[PDB]
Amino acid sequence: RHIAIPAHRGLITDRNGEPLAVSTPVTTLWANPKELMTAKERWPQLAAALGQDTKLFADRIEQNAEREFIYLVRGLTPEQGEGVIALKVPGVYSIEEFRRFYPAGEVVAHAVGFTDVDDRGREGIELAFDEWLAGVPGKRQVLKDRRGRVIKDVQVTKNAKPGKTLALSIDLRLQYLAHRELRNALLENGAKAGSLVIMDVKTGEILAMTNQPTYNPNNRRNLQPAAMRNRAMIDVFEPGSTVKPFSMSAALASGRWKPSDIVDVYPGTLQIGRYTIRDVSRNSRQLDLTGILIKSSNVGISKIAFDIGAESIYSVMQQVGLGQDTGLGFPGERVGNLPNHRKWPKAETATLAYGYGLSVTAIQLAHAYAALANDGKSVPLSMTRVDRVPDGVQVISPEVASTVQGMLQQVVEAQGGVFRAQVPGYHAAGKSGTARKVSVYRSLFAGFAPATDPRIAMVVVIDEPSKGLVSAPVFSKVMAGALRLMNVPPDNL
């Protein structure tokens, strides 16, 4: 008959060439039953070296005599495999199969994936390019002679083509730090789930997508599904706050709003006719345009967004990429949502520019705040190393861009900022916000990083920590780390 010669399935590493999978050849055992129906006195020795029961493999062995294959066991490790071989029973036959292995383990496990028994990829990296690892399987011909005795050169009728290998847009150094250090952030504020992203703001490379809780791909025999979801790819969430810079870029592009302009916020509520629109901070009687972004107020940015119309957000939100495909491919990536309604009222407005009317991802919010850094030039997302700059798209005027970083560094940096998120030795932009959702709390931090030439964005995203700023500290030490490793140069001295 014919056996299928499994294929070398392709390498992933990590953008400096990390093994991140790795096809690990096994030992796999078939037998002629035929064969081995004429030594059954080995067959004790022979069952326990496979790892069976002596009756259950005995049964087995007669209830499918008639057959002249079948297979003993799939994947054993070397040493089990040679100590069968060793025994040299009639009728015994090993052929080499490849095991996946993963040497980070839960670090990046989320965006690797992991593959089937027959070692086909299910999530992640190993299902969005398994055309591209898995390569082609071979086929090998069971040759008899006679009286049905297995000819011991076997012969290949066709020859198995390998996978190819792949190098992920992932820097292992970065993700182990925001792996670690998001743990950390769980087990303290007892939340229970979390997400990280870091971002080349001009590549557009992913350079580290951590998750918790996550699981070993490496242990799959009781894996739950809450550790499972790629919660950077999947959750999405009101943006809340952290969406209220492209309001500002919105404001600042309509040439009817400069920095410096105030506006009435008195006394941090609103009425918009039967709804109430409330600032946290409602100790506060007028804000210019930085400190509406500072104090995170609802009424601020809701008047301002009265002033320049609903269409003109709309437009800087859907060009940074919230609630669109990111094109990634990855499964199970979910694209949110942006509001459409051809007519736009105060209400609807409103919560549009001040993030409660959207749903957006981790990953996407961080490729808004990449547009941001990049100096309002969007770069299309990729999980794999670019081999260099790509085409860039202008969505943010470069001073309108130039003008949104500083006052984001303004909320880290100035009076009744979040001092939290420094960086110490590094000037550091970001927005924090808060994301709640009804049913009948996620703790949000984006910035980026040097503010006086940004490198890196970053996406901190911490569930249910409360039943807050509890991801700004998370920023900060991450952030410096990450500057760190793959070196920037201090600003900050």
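Positions refer to the first chain, counted from 1. Between two forms, the rigid core is defined as the largest C-alpha subset superposing within 1.5 Å. First, how it differs from the form deposited in another entry.
With the core held fixed by superposition, the comparison between the two forms singles out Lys139 as the only member of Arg120, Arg420, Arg334, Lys139 whose CA moves by at least 2 angstroms. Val89: CA moves 2 Å or more between the two forms after rigid-core fitting. Annotation: Cα of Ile151 displaced by at least 2 Å between the two forms, core superposition. With the core held fixed, the Cα of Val386 is displaced between the two forms by less than 2 Å.
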Contents of the next structure:
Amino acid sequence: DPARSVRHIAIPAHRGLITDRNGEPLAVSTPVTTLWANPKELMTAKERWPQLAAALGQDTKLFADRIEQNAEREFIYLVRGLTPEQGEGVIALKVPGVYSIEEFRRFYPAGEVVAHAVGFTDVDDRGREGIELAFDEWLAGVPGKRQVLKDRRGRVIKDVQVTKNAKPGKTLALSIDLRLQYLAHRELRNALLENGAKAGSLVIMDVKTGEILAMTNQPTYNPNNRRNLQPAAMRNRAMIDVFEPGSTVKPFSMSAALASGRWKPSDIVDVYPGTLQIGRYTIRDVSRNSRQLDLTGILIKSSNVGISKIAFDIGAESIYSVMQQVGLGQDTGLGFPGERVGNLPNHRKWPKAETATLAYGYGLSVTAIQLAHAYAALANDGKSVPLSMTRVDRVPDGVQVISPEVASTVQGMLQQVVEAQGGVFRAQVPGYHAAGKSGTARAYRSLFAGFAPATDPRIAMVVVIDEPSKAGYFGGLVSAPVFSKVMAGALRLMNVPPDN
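I've shown you the form deposited in one PDB entry. Could you give me the structure of the form deposited in another entry?
Left out here are the partners and the other molecules; the chain alone remains.
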């Protein structure tokens, strides 16, 4: 057993600050006090152990058994993450082999409000979830190195040389606007309990820059106190969970129709008697007191029969292509942990049943992020700007995925869906023209997807509410009023001029 030893040891680096887009702190590394011990030294001072046990709130017997069972080790933790006062209280006992060191611990000042986006670090300040993990290399910095001389008990007797200084991690500014994030968090929360709903997500996106301005989910958790949390509570559902978008994808079906050369908005479809058999299967409308509807009316009344007949005429392939081009069932490139691509199925032959289901948004699966990104492209005159979770100063070129005229026509139809008699009037945003589409999917999921202001769009938004429990479960009743409140608040905070 050696009389001395020499060891190159790590100098930990200070982890980078995560901020919102305006520099509001979301994740900050602050010094906590850690007490550790060298048992080989403790073993020389047993009369001090009970005083030490007491100061640590430990039973004297269990503490003594712990030191005895570790008699051959040079390192154990006593307690991690005290205040300096708490440290100095123990250090005042002057117990041999007991030492304090300051180490960095993440604090999350907004806690539950941004937990799913920001994620968290382990006790070693390593990014283990969300942005903390996705940008770990950026935030972590580079540990330094130094050479210590240790005596026969592994006690540090000299600092010989520093070979490398630590390099701190880098500041990261998210795209999130904490002001919009708090507004969404609170409104989605108020909505959940108003409808006795299980779970929900809300996404707000900048249609010009591709930036995620808000991303909230219920349920949530306090990342500063992760003791006894539900595993459900930690899911970033907006990126992690996939659902059938139902009627919210009808604007893409319609984009394919207006692009085909075969359809204009004042064209007519006969949807009487509100059902359509195709062999074994029957397509069914919620409301079944219509015969002739124009394409705008097909959206206002959300007629499954109407969108299905259009889809038969233009063919599923045209609709599939629009949905693929606006990013449905495609990688976002965000690289967020557990992030889902979902499923936009393909066929060589599209039979009539698959053709109809695709057109009204059954048999495909998307994330809330994806559905928001598609509404952003439609709102941005058919140009998709690539998605960002980080502040965008230099906006990359977007890709024209829907012709500008077709996008402009579908925008106007979606404004009528909100503004017209029989429309989703609860989605109306006071002072503004707004546009979007309600959806309901299967126990129900309640959807609203929209953008505003209609005259020069700035913001796309998706509200998803899981299993509302009141007699009203339609997207137009459950999700639309949340869209209204949050869209109103977000446009005021962003100083967007009233267009109505």
